[PDB]
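As C-alpha cells, one chain now follows by itself in the form deposited in one PDB entry.
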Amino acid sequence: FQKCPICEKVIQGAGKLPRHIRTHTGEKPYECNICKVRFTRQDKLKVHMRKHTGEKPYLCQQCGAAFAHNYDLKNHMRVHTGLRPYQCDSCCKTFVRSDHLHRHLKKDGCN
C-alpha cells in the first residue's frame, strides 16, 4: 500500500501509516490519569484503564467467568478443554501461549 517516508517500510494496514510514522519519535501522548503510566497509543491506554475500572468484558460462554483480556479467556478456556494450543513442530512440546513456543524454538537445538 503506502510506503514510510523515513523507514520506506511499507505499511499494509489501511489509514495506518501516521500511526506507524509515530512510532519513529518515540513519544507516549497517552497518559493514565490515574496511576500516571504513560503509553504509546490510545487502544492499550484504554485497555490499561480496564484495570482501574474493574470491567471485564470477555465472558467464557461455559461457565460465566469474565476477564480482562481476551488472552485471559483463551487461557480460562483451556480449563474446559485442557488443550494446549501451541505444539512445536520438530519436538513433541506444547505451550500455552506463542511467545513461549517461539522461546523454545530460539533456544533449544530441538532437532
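Numbering follows the first chain given and starts at 1. First, how it differs from the form deposited in another entry.
Both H69 and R19 are counted in one common rigid part of the motion between the two forms, based on the superposition that better accommodates each C-alpha.
What would the structure be for the form deposited in another entry, rather than the form deposited in one PDB entry?
A single chain, with no partners or molecules, comes next.
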C-alpha cells in the first residue's frame, strides 16, 4: 500500500511502485537482444522470448495440448468444458469472454 507521487493513488505491493511510475513516462528500459524491441516491463520481454524460442509450456491437463500463452490455454479449456460461461442477468444472453459481457454491460440497455 503506497501512494503514487504523480497521480496520488494507492498502489498495492512494495515493488510495484517503480513499475506504475514507468507508465507515466513511457520509458522502455527492457529491450530484446534479437529483434531490438523495447518493452516497458520485464515479464512482457519474457513472453516475447517465448515467441523467439518457440516454447509452449502451457500444456492442457485434460488432453495434453500445448499453447504459447495463457489466454490461448484458456480458450482451449472452454472447449473441454464451459463453452459460454458468462451471462447477462437481465437479458439471459450467454457470452464467451468477460469483456464481451461488459460490451453488453457497456450499453447497459437491459438495466
